[PDB]
Amino acid sequence: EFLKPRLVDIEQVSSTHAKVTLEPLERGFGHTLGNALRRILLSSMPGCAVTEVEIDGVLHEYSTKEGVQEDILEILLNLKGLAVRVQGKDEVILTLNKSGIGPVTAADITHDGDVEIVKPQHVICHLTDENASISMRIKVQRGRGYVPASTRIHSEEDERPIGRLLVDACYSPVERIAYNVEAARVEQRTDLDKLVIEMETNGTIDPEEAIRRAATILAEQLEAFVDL
Amino acid sequence: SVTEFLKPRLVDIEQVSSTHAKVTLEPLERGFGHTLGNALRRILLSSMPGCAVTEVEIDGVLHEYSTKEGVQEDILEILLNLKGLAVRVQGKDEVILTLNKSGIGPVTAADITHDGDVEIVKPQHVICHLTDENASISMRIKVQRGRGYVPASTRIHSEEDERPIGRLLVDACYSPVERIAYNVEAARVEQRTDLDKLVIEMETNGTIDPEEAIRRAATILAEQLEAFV
Amino acid sequence: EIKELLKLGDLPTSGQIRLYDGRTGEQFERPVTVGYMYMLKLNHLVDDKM
Amino acid sequence: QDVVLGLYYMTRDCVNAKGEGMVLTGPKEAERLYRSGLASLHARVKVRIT
Amino acid sequence: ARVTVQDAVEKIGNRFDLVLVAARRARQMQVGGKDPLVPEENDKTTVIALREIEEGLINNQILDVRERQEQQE
Amino acid sequence: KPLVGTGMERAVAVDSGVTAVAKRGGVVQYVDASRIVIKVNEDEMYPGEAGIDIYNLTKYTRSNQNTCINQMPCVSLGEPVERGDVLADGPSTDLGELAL
Amino acid sequence: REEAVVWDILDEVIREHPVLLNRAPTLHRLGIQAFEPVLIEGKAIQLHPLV
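Which chain is which? The protein sequence lines are A, B, C, D, E, F and G, in order. Using the authors' numbering, the letters of the first sequence map in sequence onto residues 7 to 234. Using the authors' numbering, the letters of the second sequence map in sequence onto residues 4 to 232. Using the authors' numbering, the letters of the third sequence map in sequence onto residues 1194 to 1243. Using the authors' numbering, the letters of the fourth sequence map in sequence onto residues 504 to 553. Using the authors' numbering, the letters of the fifth sequence map in sequence onto residues 2 to 74. Using the authors' numbering, the letters of the sixth sequence map in sequence onto residues 697 to 796. Using the authors' numbering, the letters of the seventh sequence map in sequence onto residues 403 to 453.
Only chain A is shown next, with the shape it has when bound in the complex:
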């Protein structure tokens, strides 16, 4: 006769990170589920990191497009750290177009309905001329884990045009997880615990949805021990 926890609340302490709470738990399941969920949530979550970039007037990722104060390579890193959410398809082609002195926020990307940018203060590159212009096509797709360019670069032989720069994917929303087990509060009974998870995030994945998908994964895995 055990008990079973629930999701007593999802305290949204900020735009990025929140604090889910589980209650109640038995003596020990606190640390058990805590560690299991931390390890899952860090490993396996669906992200939407950028995969391929194509600036219009650049051959390879080492030149300097005239008029913008950052190497194409540093522009490319600042893209690698982009954070975006897609719902319908598994891949989309965002488009950036900009001209004139001033920064280039991420919000300048066209806002196709199925795509939600999540941080319009994010800066790609600084333009530094009146009549200077950049325009790029950015391919963003689903994924899981970490997938370098050196792996995909051997994943298809059909020719790739000269000009498609390949960023490394970082398909992962969670950034930092912690948990504390502490004293619970239930019907006239002590020796029950409350697990308090705390998850940093790009902002893409809802906390409750994250914790629920992690639980689903782990139940799917245990569907193999329960039968031998």
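FYI, nobody ran anything at the bench for these hints, they're computed from the structure. Using N, Cα and C, we set each Cβ at its ideal position, and we do this for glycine too. Hints may contain errors.
[What the hints assert, rightly or not] Anything over 10 Å on all C-beta distances counts as not near chain G; from chain C, calculated:
#: 1; residue: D1203
#: 2; residue: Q1209
#: 3; residue: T1217
#: 4; residue: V1227
#: 5; residue: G1228
#: 6; residue: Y1229
[What the hints assert, rightly or not] Listed below are the simulated DMTMM-like cross-link pairs for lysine to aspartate or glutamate, each with C-alpha atoms no more than 25 Å apart in a straight line:
#: 7; chain 1: C; residue 1: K1234; chain 2: A; residue 2: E80
#: 8; chain 1: A; residue 1: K25; chain 2: A; residue 2: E204
#: 9; chain 1: B; residue 1: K25; chain 2: A; residue 2: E229
#: 10; chain 1: F; residue 1: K755; chain 2: A; residue 2: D62
#: 11; chain 1: D; residue 1: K521; chain 2: A; residue 2: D197
#: 12; chain 1: A; residue 1: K104; chain 2: F; residue 2: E775
#: 13; chain 1: A; residue 1: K145; chain 2: A; residue 2: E162
#: 14; chain 1: A; residue 1: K95; chain 2: A; residue 2: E80
#: 15; chain 1: A; residue 1: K10; chain 2: B; residue 2: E229
#: 16; chain 1: F; residue 1: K755; chain 2: F; residue 2: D790
[To be verified] Computed, partial: chain F to chain C, Cβ under 10 Å:
#: 17; residue: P698
#: 18; residue: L699
#: 19; residue: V700
#: 20; residue: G701
#: 21; residue: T757
#: 22; residue: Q761
#: 23; residue: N762
#: 24; residue: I765
#: 25; residue: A795
Given the coordinates of chain A, assemble chains B, C, D, E, F and G onto it according to the supplied hints.
Frame of chain A; chains B, C, D, E, F and G shown alone:
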């Protein structure tokens, strides 16, 4: 392609005699080796519903630092031997048992009274050795259905009364298992290499074999998670 | 002076923290030393040596 | 080096740790106590060994 | 499967005659037919030689004997 | 940068040459990953020859040990600079500090 | 071309085949030992710690 993992294909169940089993699963996704190993380890080893001896009261003993002639063992050694006993209990919750016997020679577990529902698993076990005509042993052993592992940690004074002198306490080991030690070693699929291979290795005191051991652990955890998904 | 600076921060005086093992999730015994050390790469690379 | 340290730490004894002087029925449940965390890795103890 | 040759050395006291006898037997297996006398577990001819030695059913004496026999034949 | 240095980074990185130490302090007129174009303060200028200063950075090129020697503008447009000051991070220089 | 048959071929031609490892300033006759190989990713020879 995004919620589509691997599941353990081949399941070795290679077992030494009847309680020292050894299970290998492969392939597990990169980094589930430890998560499943640790989850099942902690569950099996701290929370498994079992039945075990809790307290014992000898006829003519008042304290651990005493003795009783005819018995080449000591109070302490027989308390160990009774930790080692392994009982399974039917619908009874807790139950007392009696262990009267005299006679020059060893005393084994089969010499215990059986008392209907209660069942012993090793009739072949050993408790104490007697050597004198008039010497005898008369203890009231007590088994209880419990949910973990409970030492005798500061309990002669925990209970808010004085238990009568003679209430010897025994470290209760309820859970069946006696040893679980996962491992992790690299296994490979025809392309990938960074994968995992779980090797559970397990013994149980006898009341139930490794199979239902792991099945129950998986089930407990599966329900705790059935909460969410 | 280092003790005084750490204590200006919210960090422990000894400079040693408790750490938790990533695998088993259970605490380490005997707090360990953490900090930020400035590390360097060296042009003796495996793919130029193999 | 690491292993000799691990051993020199695994086989020693402080005076009053957890699980001081409680009797154990064998190396198996000695490991089981240490793993469940009810007794510090090294507190002196009477065990039946064969 | 094979890790240590200690039993082979026990049944051929030299630990060099081990190399010689084992190599000769392994050539018998690898070059000219002559299926082994132990259930091979896909171990190679070398391990199979050392293994037959551990079974004590091959040594320099038996090799000379059986070579002489077949050569007369 | 290194959190814990010994202050000699400044001298080493400024006098190693890898960076582009501005000569006549002025106001930055134009920044660009290729060149940097500085307007000179007035009192630091010759009667004739007035003009302005131009620093042509050296983009990705080869060292003698095959590492990539490179430079990056660190000052942003419309910003004072003074005599004897950095404008371009060399290889392994952070704001004119020797960050290996 | 490293077509995907050679890796199975290579497992079968490794299984029980010792290779000699050596360390540069060899001094005493333990400076050369044998080992059976185990294929690894990466580019570094791995070595048991008790050696």
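Okay, the hints, checked on the actual structure:
1. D1203: The claim stands: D1203 (chain C) keeps its Cβ more than 10 Å from every Cβ of chain G (closest is about 39 Å).
2. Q1209: At about 27 Å from chain G, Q1209 (chain C) clears the 10 Å cut-off, so the statement holds.
3. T1217: Correct as stated: the minimum Cβ-Cβ distance to chain G is 22 Å, above 10 Å.
4. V1227: About 25 Å separates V1227 (chain C) from the closest Cβ of chain G, which puts it past 10 Å; holds.
5. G1228: holds (27 Å)
6. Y1229: holds (27 Å)
7. C:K1234 x A:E80: holds (21 Å)
8. A:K25 x A:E204: holds (5 Å)
9. B:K25 x A:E229: holds (19 Å)
10. F:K755 x A:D62: holds (20 Å)
11. D:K521 x A:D197: holds (21 Å)
12. A:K104 x F:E775: Within the cut-off at roughly 24 Å; holds.
13. A:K145 x A:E162: holds (17 Å)
14. A:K95 x A:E80: With Cα atoms ~29 Å apart, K95 (chain A) and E80 (chain A) exceed 25 Å; violated.
15. A:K10 x B:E229: The given pair, whose Cα atoms are some 8 Å apart, holds under the 25 Å limit.
16. F:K755 x F:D790: holds (17 Å)
17. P698: With a minimum Cβ separation of about 4 Å from chain C (threshold 10 Å), the hint on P698 (chain F) holds.
18. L699: holds (6 Å)
19. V700: Interface hint status for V700 (chain F): holds (6 Å vs cutoff 10 Å).
20. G701: Hint holds; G701 (chain F) Cβ to chain C Cβ min 8 Å, cut 10 Å.
21. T757: violated (17 Å)
22. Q761: holds (6 Å)
23. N762: This hint holds: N762 (chain F) lies near chain C, its Cβ roughly 8 Å from the closest one there, short of 10 Å.
24. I765: Status violated, d = 14 Å.
25. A795: holds (9 Å)
In terms of the numbered hints stated before, the structure departs from hints 14, 21, 24, listed from lowest to highest.
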